[PDB]
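Comments concern the structure below.
So, chain A:
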Amino acid sequence: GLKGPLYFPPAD
Partner candidate 1 sequence: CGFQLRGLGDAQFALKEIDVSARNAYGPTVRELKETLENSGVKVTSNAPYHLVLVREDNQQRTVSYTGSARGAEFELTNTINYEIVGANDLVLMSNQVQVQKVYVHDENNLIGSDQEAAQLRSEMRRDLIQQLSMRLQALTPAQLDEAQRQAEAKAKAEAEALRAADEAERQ
Partner candidate 2 sequence: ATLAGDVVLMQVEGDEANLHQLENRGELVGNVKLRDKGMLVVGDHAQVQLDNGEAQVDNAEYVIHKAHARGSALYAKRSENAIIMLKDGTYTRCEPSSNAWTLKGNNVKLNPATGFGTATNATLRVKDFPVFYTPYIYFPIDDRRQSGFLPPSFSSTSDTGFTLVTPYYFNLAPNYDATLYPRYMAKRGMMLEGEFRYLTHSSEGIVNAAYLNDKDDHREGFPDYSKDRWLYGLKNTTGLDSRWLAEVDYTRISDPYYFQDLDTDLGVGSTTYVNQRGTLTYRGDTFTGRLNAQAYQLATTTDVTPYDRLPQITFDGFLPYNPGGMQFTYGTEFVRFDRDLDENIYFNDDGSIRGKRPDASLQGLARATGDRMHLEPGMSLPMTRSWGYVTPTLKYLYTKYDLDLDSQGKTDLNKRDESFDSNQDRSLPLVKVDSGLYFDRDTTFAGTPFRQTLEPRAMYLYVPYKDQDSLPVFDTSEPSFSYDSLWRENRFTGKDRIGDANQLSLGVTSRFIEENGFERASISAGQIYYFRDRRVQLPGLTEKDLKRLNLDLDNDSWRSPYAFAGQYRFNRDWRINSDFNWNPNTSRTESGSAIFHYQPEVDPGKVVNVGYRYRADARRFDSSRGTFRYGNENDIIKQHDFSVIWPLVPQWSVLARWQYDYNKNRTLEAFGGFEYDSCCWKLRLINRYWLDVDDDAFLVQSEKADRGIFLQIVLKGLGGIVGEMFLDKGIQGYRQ
């Protein structure tokens, strides 16, 4: 696994 920072989902 690979953990990273949170971020908002792309919307399209």
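Keep in mind that, in the parts below, a residue touches a chain if its C-beta (ideal position, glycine included) is under 8 Å from a C-beta of that chain, and two chains touch if they have at least 3 such contacts; residues count from 1.
How were these picked? Simply put, all candidates are chains of the complex that A comes from, given by their letters.
By the touch criterion defined above, chain A in this complex contacts candidate 2 out of 1 or 2. Against candidate 2, in their complex, chain A makes its touches with residues 1-9.
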